[PDB]
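Asks: For reference, the chains in residue letters:
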Amino acid sequence: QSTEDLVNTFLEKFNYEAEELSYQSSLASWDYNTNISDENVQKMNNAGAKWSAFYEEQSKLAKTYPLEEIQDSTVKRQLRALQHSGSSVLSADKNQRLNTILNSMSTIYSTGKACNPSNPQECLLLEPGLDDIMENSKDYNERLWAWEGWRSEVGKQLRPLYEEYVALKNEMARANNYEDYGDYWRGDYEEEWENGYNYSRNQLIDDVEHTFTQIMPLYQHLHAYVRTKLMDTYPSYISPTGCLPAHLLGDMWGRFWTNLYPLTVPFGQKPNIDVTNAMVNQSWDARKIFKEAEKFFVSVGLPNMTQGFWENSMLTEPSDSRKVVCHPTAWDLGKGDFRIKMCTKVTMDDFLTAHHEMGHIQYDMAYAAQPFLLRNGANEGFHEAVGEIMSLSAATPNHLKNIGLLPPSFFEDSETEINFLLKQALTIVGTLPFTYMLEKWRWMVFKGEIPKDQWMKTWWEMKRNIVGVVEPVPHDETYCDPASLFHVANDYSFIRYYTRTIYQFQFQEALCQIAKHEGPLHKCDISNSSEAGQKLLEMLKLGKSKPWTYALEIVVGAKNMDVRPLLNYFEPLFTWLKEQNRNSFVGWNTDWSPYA
Amino acid sequence: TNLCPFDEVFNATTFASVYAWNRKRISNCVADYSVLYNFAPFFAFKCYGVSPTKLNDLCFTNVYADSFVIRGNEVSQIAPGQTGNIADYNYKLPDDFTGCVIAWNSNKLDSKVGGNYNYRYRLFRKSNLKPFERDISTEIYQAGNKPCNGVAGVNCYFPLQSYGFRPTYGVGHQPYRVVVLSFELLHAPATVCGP
Ligand SMILES: [Zn+2]
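Read top to bottom, the protein sequences are chains A and B.
Start counting the first sequence at 1; every next residue gets the next number (this note's numbering).
Start counting the second sequence at 1001; every next residue gets the next number (this note's numbering).
Please note: incorrect hints may appear among the correct ones.
No more than 27 Å apart at the CA atoms, straight line, and that leaves these computed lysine-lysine pairs for DSS-like [as the list claims (entries may be wrong)]: (1) B:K1046 <-> B:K1108; (2) A:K341 <-> B:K1112; (3) A:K288 <-> A:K270; (4) A:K76 <-> B:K1146; (5) B:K1126 <-> A:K63; (6) A:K229 <-> A:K578; (7) A:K447 <-> A:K423; (8) B:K1024 <-> B:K1092; (9) B:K1112 <-> A:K43; (10) A:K13 <-> B:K1146; (11) A:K156 <-> A:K113; (12) A:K335 <-> B:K1108; (13) A:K523 <-> A:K270; (14) B:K1024 <-> A:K13; (15) A:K60 <-> B:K1108; (16) B:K1126 <-> A:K13; (17) A:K323 <-> A:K295; (18) A:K76 <-> A:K60.
Computed Cβ-Cβ distance ranges for the label pairs, DEER-style [what the hints assert, rightly or not]: (19) B:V1151 <-> A:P318: 49 to 59 Å; (20) A:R322 <-> B:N1073: 27 to 37 Å; (21) B:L1055 <-> A:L61: 52 to 62 Å; (22) A:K43 <-> B:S1137: 43 to 53 Å; (23) A:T316 <-> B:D1135: 49 to 59 Å; (24) A:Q370 <-> B:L1055: 40 to 50 Å.
Read the hints as simulated data drawn from the structure, not as lab findings.
Each residue gets a CB set at the ideal place from its N, CA and C atoms; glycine is no exception.
Produce the entire structure from the sequences given, and follow the hints as far as they go.
Replies: And the structure:
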């Protein structure tokens, strides 16, 4: 008997056993999230344990079969996944220690508090409070108290713990044969296949770097515009040549620059397009919002939603007694059940959000046929991207007219277009530099390039050179600034975000070409074209069966990430920006300090 | 003027498992298919061999009233010349089969909150079923060449697993009840014609 033979039988045993145990677990979580009560928590915990037990024992069972012997791609892909061998490798004592450290860190972040120097009594936690000051206030001094505070109290505590975490994780990885923890993380994007579809772990580093160099000219111009405008609001502090002070950028950590829109609107008088009022006039209701979305999807060519979705999902904020978790989420329970949970109010933003969420469900429905282990998106980035593409199309002026929300004769003007583009950019271009930097620091720390003594120094230097921001107040070694962000302290990979963005635009351009749009890409709408839908569907059905590179090729015609499409979308803005800052200096000089 | 008892079969409280197929011989009576020919509750009246459009004028020797309940997607496999788990190890149709396959969804009767665990099916077998055959053996299947030794072991698995039907499933996974009426005719007077 070939091991191939033995392997195939084993894999069949697992498949039916896995699905049923999973469904039970999932049902339990839905119930807790919808009705939050103590009894529910207990049930959830009990069920989850059973599922884990199954996976662990089975994984242990299967390290036995040699990987090399199997000679069919699909089977191989499946076996590999079961054999991942994560974490168990470490000795038990060590495992216990690691778990404690991880837990402690999450707790500190959630429960941490910071206090006004001026009023001792006032102390605020992050989510309700500190955030608001950062998001909405316009006072230099006030903002400073908050920035320093989060860093000073939560951060200083976290540093001793972080140091241990780095060491332990590295050991785990070494045992599994990757060189360092960083490698393990980059492992996701690795594929082995035969005809030029191979991607290697090392290549990711190079590709990310190449792309960044291309995006740099746009960022530099945007940075300048913001600087000039900000100078008016906080007149004394900003300096014309130098980098922007950090506390003034719109969120505690600086990730997205969207909150700066009020200060920087290019053409102020003309107003943005909002359809909220109209919706109220025509008496739309929550289900109506969902119903309309379905129609869009149908028009492109994808299938209509199932009966169950309509009946079991919680599309409206629960009335009466139960207590509900509020995040907008999409759930695939399994064995055929698909449900969406959100609370909907009649606002324009909800129209847009609905479209994103339904998109996630449509992907899921498609990959159902593939075997259990292989039912997931091709690389982490793909799932989110599919959803976003849909939203962009909906917001276009044209779509809104057809639905009937907008008045029939509205004609947009150049000014409005520029205004729209800027808003989008602050969110999309602004994030890209930050993401690159964080990930680079981390990868280096793990490798061993940066000695512990110099961890803080390097962070700041890097920010000044790559992202153009400077420290408000001098920070010594004891502080651990990178740790404050949630993802870092809760063990997650941050690369997914950079990649997703590059992908979205690539997909859009391609689809639009099939749909025969003529004009700026910013105005493209894919509605009412069957052809586009079919192409996308072909990719969706694959799941994880074939390598990521192959998949991208089917829709867009190339095997690698490219940033040319993004640049095209934002091209109308670039020209305008160039005229505006013709007088001003473009660039940053690292020397200036608000330390003074 | 004896009416064949098709009636008491369709509305029975419960049907046996997939692997325990039920066989009833229906002979020496009158069976009228025009009762359900116009009613059409069933998703499928799919028939092979005999056209339902008033072909009850012919004479048949015996009537087989095969009945069971399966998953939804698997309804297709109850068709000639198709291979899938249900076909391979559970029930078989010869390519030459003549008779009618009728199926309907009965989620409401079958489904139970918390699951209904009384319907079972055989996942793996040493070989394939031959035509119209029944295996009820529960002996443990062995994949490994090393002897099983009659205990659960590496590469050793019990043959049957349970459907676990639940109310919130998709149309594919929801329980479907299937009745196969086979009109067996050979060299005989064939008193079962059904005028
Ligand atoms: Zn999403």
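Asks: For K288 of chain A and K270 of chain A, compute the direct alpha-carbon distance and say whether it is at most 27 Å.
Replies: Outside the cut-off at roughly 30 Å; violated.
Asks: Run the distance test for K1112 of chain B versus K43 of chain A: straight-line Cα separation, threshold 27 Å.
Replies: holds (19 Å)
Asks: Check the following: the C-beta atoms of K43 of chain A and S1137 of chain B are separated by a distance inside 43 to 53 Å.
Replies: Roughly 38 Å apart at Cβ, these two residues miss the hinted range, so it is violated.
Asks: Hint check: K1126 of chain B vs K13 of chain A, CA-CA at most 27 Å. Holds or violated?
Replies: holds (15 Å)
Asks: Taking 49 to 59 Å as the hint, is the beta-carbon distance of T316 of chain A and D1135 of chain B inside that range?
Replies: holds (52 Å)
Asks: Quick one: are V1151 of chain B and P318 of chain A within 49 to 59 Å, going by C-beta?
Replies: At roughly 51 Å between Cβ atoms, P318 of chain A and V1151 of chain B fall inside 49 to 59 Å, so the hint holds.
Asks: Is 52 to 62 Å right for how far apart the beta carbons of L1055 of chain B and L61 of chain A are?
Replies: Because 56 Å falls inside the window, the suggested range holds.
Asks: Is the Cα-Cα distance between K523 of chain A and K270 of chain A 27 Å or less?
Replies: Holds, at about 19 Å.
Asks: Would the hint linking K1024 of chain B and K13 of chain A be met if the CA-CA limit is 27 Å?
Replies: violated (34 Å)
Asks: Taken at face value, is the distance from the CA of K578 of chain A to the CA of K229 of chain A at most 27 Å?
Replies: holds (15 Å)
Asks: Please verify whether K76 of chain A and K1146 of chain B have alpha carbons no more than 27 Å apart.
Replies: With Cα atoms ~24 Å apart, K76 of chain A and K1146 of chain B stay inside 27 Å; holds.
Asks: Are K341 of chain A and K1112 of chain B close enough, with their CA atoms no more than 27 Å apart?
Replies: holds (25 Å)
The structure fails hints 3, 7, 14, 15, 17 and 22 (numbered hints given earlier, in ascending order).
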